[PDB]
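Let the sequences and hints guide you as you build the complete structure.
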Amino acid sequence: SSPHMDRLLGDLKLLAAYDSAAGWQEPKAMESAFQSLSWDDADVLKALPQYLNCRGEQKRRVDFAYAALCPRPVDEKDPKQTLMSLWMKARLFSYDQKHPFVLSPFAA
Amino acid sequence: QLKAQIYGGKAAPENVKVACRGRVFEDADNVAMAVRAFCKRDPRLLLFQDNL
Amino acid sequence: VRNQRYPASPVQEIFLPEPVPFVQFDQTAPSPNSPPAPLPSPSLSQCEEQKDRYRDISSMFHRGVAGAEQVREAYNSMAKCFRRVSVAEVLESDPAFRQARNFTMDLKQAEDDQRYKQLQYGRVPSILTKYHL
Amino acid sequence: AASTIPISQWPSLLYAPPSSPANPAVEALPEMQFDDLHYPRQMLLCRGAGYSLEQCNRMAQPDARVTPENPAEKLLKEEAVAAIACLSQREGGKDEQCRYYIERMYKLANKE
Amino acid sequence: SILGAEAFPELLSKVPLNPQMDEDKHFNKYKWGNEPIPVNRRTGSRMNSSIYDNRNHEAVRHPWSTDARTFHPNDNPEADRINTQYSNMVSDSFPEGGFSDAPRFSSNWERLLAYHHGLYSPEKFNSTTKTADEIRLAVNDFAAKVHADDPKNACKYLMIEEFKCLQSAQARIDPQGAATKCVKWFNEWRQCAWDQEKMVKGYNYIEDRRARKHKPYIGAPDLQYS
Amino acid sequence: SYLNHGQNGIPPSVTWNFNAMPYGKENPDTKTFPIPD
Amino acid sequence: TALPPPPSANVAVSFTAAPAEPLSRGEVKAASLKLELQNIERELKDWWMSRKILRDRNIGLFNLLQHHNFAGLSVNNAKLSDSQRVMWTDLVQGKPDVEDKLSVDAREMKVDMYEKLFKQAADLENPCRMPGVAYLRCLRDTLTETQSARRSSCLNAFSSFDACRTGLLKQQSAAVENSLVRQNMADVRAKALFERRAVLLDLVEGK
Amino acid sequence: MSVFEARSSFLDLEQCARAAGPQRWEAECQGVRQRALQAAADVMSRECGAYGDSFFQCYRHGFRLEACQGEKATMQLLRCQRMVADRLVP
Amino acid sequence: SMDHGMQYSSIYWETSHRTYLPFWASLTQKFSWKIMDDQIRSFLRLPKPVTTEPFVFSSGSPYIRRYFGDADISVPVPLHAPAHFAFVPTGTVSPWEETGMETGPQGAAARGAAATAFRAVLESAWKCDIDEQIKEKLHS
Ligand SMILES: CCCCCCCCCCCCCCCCCC(=O)OC[C@H](COP(=O)([O-])OCC(O)COP(=O)([O-])OC[C@@H](COC(=O)CCCCCCCCCCCCCCCCC)OC(=O)CCCCCCCCCCCCCCCCC)OC(=O)CCCCCCCCCCCCCCCCC
Ligand SMILES: CCCCCCCCCCCCO[C@@H]1O[C@H](CO)[C@@H](O[C@H]2O[C@H](CO)[C@@H](O)[C@H](O)[C@H]2O)[C@H](O)[C@H]1O
Ligand SMILES: CCCCCCCCCCCCO[C@@H]1O[C@H](CO)[C@@H](O[C@H]2O[C@H](CO)[C@@H](O)[C@H](O)[C@H]2O)[C@H](O)[C@H]1O
Numbered sequence: 015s016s017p018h019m020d021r022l023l024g025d026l027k028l029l030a031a032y033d034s035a036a037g038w039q040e041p042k043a044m045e046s047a048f049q050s051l052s053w054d055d056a057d058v059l060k061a062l063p064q065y066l067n068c069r070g071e072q073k074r075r076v077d078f079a080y081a082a083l084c085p086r087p088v089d090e091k092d093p094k095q096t097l098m099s100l101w102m103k104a105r106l107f108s109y110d111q112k113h114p115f116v117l118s119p120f121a122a
Numbered sequence: 106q107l108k109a110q111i112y113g114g115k116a117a118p119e120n121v122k123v124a125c126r127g128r129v130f131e132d133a134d135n136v137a138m139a140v141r142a143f144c145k146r147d148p149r150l151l152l153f154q155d156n157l
Numbered sequence: 002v003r004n005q006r007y008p009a010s011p012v013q014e015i016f017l018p019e020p021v022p023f024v025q026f027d028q029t030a031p032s033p034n035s036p037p038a039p040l041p042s043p044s045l046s047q048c049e050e051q052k053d054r055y056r057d058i059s060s061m062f063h064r065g066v067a068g069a070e071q072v073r074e075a076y077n078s079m080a081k082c083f084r085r086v087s088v089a090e091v092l093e094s095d096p097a098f099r100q101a102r103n104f105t106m107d108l109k110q111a112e113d114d115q116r117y118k119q120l121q122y123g124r125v126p127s128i129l130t131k132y133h134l
Numbered sequence: 115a116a117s118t119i120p121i122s123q124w125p126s127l128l129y130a131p132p133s134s135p136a137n138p139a140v141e142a143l144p145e146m147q148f149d150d151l152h153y154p155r156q157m158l159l160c161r162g163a164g165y166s167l168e169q170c171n172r173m174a175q176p177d178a179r180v181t182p183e184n185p186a187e188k189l190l191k192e193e194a195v196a197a198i199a200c201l202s203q204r205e206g207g208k209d210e211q212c213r214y215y216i217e218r219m220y221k222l223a224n225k226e
Numbered sequence: 014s015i016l017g018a019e020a021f022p023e024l025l026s027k028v029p030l031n032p033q034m035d036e037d038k039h040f041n042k043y044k045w046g047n048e049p050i051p052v053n054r055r056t057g058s059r060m061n062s063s064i065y066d067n068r069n070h071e072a073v074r075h076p077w078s079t080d081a082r083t084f085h086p087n088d089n090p091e092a093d094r095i096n097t098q099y100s101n102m103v104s105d106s107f108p109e110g111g112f113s114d115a116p117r118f119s120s121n122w123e124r125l126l127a128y129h130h131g132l133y134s135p136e137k138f139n140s141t142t143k144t145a146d147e148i149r150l151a152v153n154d155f156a157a158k159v160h161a162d163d164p165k166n167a168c169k170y171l172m173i174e175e176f177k178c179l180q181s182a183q184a185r186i187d188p189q190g191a192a193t194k195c196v197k198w199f200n201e202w203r204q205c206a207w208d209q210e211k212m213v214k215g216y217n218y219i220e221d222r223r224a225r226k227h228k229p230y231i232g233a234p235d236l237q238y239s
Numbered sequence: 208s209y210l211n212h213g229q230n231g232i233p234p235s236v237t238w239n240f241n242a243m244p245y246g247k248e249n250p251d252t253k254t255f256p257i258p259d
Numbered sequence: 002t003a004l005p006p007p008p009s010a011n012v013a014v015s016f017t018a019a020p021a022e023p024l025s026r027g028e029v030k031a032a033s034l035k036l037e038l039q040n041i042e043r044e045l046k047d048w049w050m051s052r053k054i055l056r057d058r059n060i061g062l063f064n065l066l067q068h069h070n071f072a073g074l075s076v077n078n079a080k081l082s083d084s085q086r087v088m089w090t091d092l093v094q095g096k097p098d099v100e101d102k103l104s105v106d107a108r109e110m111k112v113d114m115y116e117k118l119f120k121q122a123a124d125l126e127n128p129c130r131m132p133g134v135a136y137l138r139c140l141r142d143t144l145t146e147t148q149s150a151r152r153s154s155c156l157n158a159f160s161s162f163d164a165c166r167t168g169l170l171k172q173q174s175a176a177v178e179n180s181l182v183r184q185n186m187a188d189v190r191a192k193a194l195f196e197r198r199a200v201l202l203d204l205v206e207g208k
Numbered sequence: 146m147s148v149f150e151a152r153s154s155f156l157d158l159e160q161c162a163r164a165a166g167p168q169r170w171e172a173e174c175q176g177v178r179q180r181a182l183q184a185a186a187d188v189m190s191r192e193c194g195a196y197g198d199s200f201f202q203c204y205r206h207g208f209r210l211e212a213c214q215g216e217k218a219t220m221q222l223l224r225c226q227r228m229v230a231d232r233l234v235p
Numbered sequence: 164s165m166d167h168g169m170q171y172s173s174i175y176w177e178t179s180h181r182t183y184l185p186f187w188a189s190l191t192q193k194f195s196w197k198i199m200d201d202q203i204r205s206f207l208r209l210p211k212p213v214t215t216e217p218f219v220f221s222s223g224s225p226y227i228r229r230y231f232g233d234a235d236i237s238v239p240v241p242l243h244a245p246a247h248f249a250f251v252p253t254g255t256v257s258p259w260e261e262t263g264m265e266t267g268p269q270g271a272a273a274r275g276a277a278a279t280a281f282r283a284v285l286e287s288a289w290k291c292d293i294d295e296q297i298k299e300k301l302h303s
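Residue numbers (the entry's author numbering), protein chains in the order written: chain p, 15 to 122; chain o, 106 to 157; chain q, 2 to 134; chain g, 115 to 226; chain h, 14 to 239; chain d, 208 to 213, 229 to 259; chain l, 2 to 208; chain i, 146 to 235; chain e, 164 to 303.
In case anyone wonders, no lab produced these hints; they're calculated from the structure. Think of the CB as a built atom: it goes at the ideal place given N, C-alpha and C, for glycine as much as any other residue. Keep in mind that a hint or two might mislead.
[To be verified] List time: in silico BS3-like cross-link candidates among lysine-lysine, alpha-carbon distance up to 25 Å:
hint	chain 1	residue 1	chain 2	residue 2
1	h	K165	o	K122
2	o	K122	h	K44
3	l	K46	l	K192
4	l	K30	l	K208
5	h	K165	g	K208
[Said to hold, decoys possible] Examples of chain g residues toward chain l, derived with CB under 7 Å:
hint	residue
6	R155
7	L159
8	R161
9	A178
Written as structure tokens, this is what we have:
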């Protein structure tokens, strides 16, 4: 009854697992993670092309959140990393366009 | 002049600078005196890119 | 407990070390020159066992002799079966994915392209822009 | 083979890490930034200018000085969308069902 | 209504987040197995280090009661350390979760007095180790600020390097140990400051004539130095 | 009134000692750049 | 000063003095009152010790700063030279600018003095350091000019500098006000606790 | 921002919905909806931030710490959110 | 228990190690030309070192030389009582207090923008879920 939260936390765990398996030289584990990285979400799939064409304040919010979560720059040559990054950004974009983010500590 | 001599009087990269023992030189500085000041009797120079 | 990469560590490491693995694909099999065939469009006519087993296990858990792992497994199988049709609907309706569906390309064009020249990361702006200087 | 890195070589380990199956952009590691002072500084400057808390919160904007975006997201757009469609349809590419698109992207990006 | 159905893909698909979880849950997807990080390296207390200290290898004493079991650095590491990333390297010299010598003050004035006397700082006691990404973010922000301060300065990269070494050595939780490593870059920065000052303000000296035996051997080359 | 029955300065925030200075022919805590032969 | 420890029995009393009859309602109520009193005393001690420690520490800090001849945003130092005071008041409240009466060398010297002072005052963690240094760098660039021509060029940086300045001033004012309010609330609460303890001691019973 | 305020906001939402009807509620009751959601969100943040920060720390450290072992790091957060919801919306 | 200690290690001379001392070494003695050179300089009016002048021109701030019984042994001492400055506001920091646990802007900033952003993302996702629940409840 909390699919958004559940899938967010799961994707984060899977990113961490991919990083750990890369550090420990484990192709089997990292491919297992990549396969388990929730690719069958219609909402994120529909938001993907919207994020690929967004611009301005919404894009800046989403990029700020994605830098908060995953600040390390992925290699511009690794399509798996690129795709996981795109998927996470699309998920954040969906969450934002449903209910925008409030990133400032000052708020009321 | 040193940079031009290194790069053959051709277009050098951007923001290239010289250092000795970790200390950056100004482009309008004499190499001999800069070495005398920063790396005395250790003239090993390094060319790096200063983007920062 | 560790399974050493070099059982003969003093000798093996020298003349036959292990390279960094490649995970994008196997690299030992041929490269397909054709895309995958479009799988049949799904529907809710294939959720029979998923739904019935989820119901059974949820009842048995409400009793207290089932557990939670089985519940999660069954629910996720059923949810995958539904997400199949959801994704099919999205792909067939949304127009931005029609090109992706009928996308085709060959290794020769891939090697002949020249977009790799522009894959350089940018540069973060100056911190003085925060104060507007 | 992979020998221990003493504590004195960690600063170089941070900006020149060893090779891995999933490496970062070492040339861009000095460009990864995330300012924790963005909003505090913004509020301080605005309140010094003379605005109120509400005006400051309405004028606030997220930081643009963050880690740059991957150029692949703009150059390999169509190939990435096709790969993601393949994954969504084929359960994440199990048993090499998106090798086609993945290899096309890899070739485009690497060029031998 | 079950809790957290779609939130444990690691459990549904046997994906281990680390070799420890792999060994525990028996997924067996790590080809090289797992060498457990012992407890003396997973947790522990701050210890004295110098051999010129009488209480060497003994836990540090605090005003509050503290478990005296110390964190033991890895002194005899195995030859193969497959993961040579900062994540796996930092565990040989610090515990990722921080030391186990943090206080729970019964009152606020005890905290006040400890701080006033220099025996407590939350920055030092209630905290974990810094991740490589955090270290890099901090270093890059500091470098940007220094460059904005003065681009035409020679000791800029030296200051950046001492900052970097402090961050890498975790000076927040081991200030003395980290200063022991970064005082060298501090000294180099001091030297560069003097050098820049003497180049700006023309300061030179009368050099004496060349010595009669400047060359040890006549056939030896007298390489000229500025 | 008993609040002022006892303030010269304050205790030092940090301290530096001689044993904190590194030493060693091989110790890399003393090596910044190689010294010429 | 302290009292001597209380006297103890010389012969060992183990349990001979224990009660042989259960307590009564009045004794139970007296025990409850004793517990209330000890809680009140604990609260009072916390307040008093915090107040005492903070007062001592802050007076010591003030004496140390006065001993080392420090000056802050609130210029409350009498041992300052008039020139140093003018320069600091220009950096804090006014506008640093070189006068046309001076020669170019003296203008360079004045700007160097400003820069040295401000860099010793503000560290890299300080927000106003970058705007201040930028404004002084603009001054260095525009030395060989008049104030009228220099304003148009340096205003864009002086604006940010003044903004950070006023921000710090407002921070200081708000800190003073909030600390006063919190202190007064705590003291009032302590006084009320003391009166409650007084009435409970008038009601206490036993010997 | 408090539990009382959030509960009052949800009561306003429900009464305005009963007034409007099942057909025009989503169009006529947007502001009250947003206010109620924001109040409930402030409550959730205040009452479950510790668990969120703990999960963030575990994710940063790759779930290598002691408190990150098992599934408690996630179950605690989910349970806190469920409790907050069950305390607010009904 | 440190003074007047016993011989803790052995003293020895290894076989055939040289000594470099002749038999008249005890009658030998040292000598420095510095005293005679100073006398000669004073008598011939040769250039004096600037250390003879107490005032120090080697810096901008006033320094005066303190001599230890001879012009050859001196240390410069600064005269100024330096005024120090702090571009800092007072009462804006309480380091003893752990601020990451208190709720507020100061708390979030003692924490970081990353934690605050993560909290906001969780907030948004939770709001999505609760909106779905509200819809399914009020539609009934
Ligand atoms: C098998 C190999 C063959 C192939 C050869 C290959 C090699 C070829 C290359 C050559 C070798 C080069 C190798 C490198 C050398 C580097 C190392 C080195 O040299 O120093 C190491 C070595 C290291 O020592 P050290 O600890 O480092 O100290 C260094 C000091 O700088 C020095 O230390 P020191 O100063 O303390 O030692 C000096 C010592 C010795 O110094 C001297 O004595 C000066 C030399 C004077 C010689 C002439 C006087 C002879 C008198 C003889 C008369 C005796 C009575 C007659 C009896 C006849 C019947 C037996 O002084 C004393 O011990 C006390 C004597 C003080 C009095 C001296 C002055 C008075 C002289 C007159 C006597 C008057 C007495 C009056 C008494 C008072 C009365 C009132 O140096 C020495 O030991 C120096 C002395 C060496 C003496 C060796 C004894 C054997 C000598 C014979 C050699 C072979 C002879 C061959 C035949 C020819 C003779 C017939
Ligand atoms: C026709 C020209 C004269 C032909 C004869 C040349 C003979 C020269 C060899 C003599 C030995 C020189 O050895 C050494 O070299 C030069 C002088 O030459 C001196 O060098 C020093 O004084 C000279 C002044 O002339 C300076 O330029 C030099 O910077 C300084 O190092 C040394 O004090 C001397 O010790
Ligand atoms: C009772 C009778 C007394 C008789 C007195 C006789 C006095 C004779 C004094 C001669 C002293 C010469 O002293 C020596 O001379 C040479 C050149 O001449 C100097 O010069 C030499 O060394 C210096 C540098 O080392 C350079 O000038 C140069 O490399 C070389 O020419 C020496 O620095 C000096 O040490």
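Next on the checklist: Under 7 Å is the threshold here; is the Cβ of g:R161 close enough to any Cβ of chain l for the hint to stand?
Outcome noted: OK, holds: g:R161 within 7 Å of chain l, min 5 Å.
Next on the checklist: Can you verify the interface hint for g:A178: is its Cβ closer than 7 Å to any Cβ in chain l?
Outcome noted: Given a least distance of 17 Å, the restraint on g:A178 is violated.
Checklist entry - Between h:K165 and g:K208, does the CA-CA distance stay at or below 25 Å? => result Measuring from Cα to Cα gives roughly 55 Å; hence the hint is violated.
Checklist entry - Is the straight-line distance between the alpha-carbon of l:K30 and that of l:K208 25 Å or less? => result 15 Å, holds
Item to check | Hint status (Cβ of g:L159 to nearest Cβ of chain l, threshold 7 Å) | outcome: 5 Å, holds
Next on the checklist: Between the alpha carbons of o:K122 and h:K44, is the straight-line distance 25 Å or under?
Outcome noted: Violated - the C-alpha atoms of h:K44 and o:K122 are around 47 Å apart, more than 25 Å.
Checklist entry - Keeping to a limit of 25 Å between CA atoms, is the pair of l:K46 and l:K192 held or broken? => result 12 Å, holds
Next on the checklist: Checking hints one by one. Is g:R155 an interface residue toward chain l, by the C-beta closer than 7 Å rule?
Outcome noted: 6 Å, holds
Checklist entry - Within 25 Å, alpha carbon to alpha carbon, are h:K165 and o:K122? => result Measuring from Cα to Cα gives roughly 11 Å; hence the hint holds.
The structure fails to meet hints 2, 5 and 9 from the earlier list, while all remaining hints are met.
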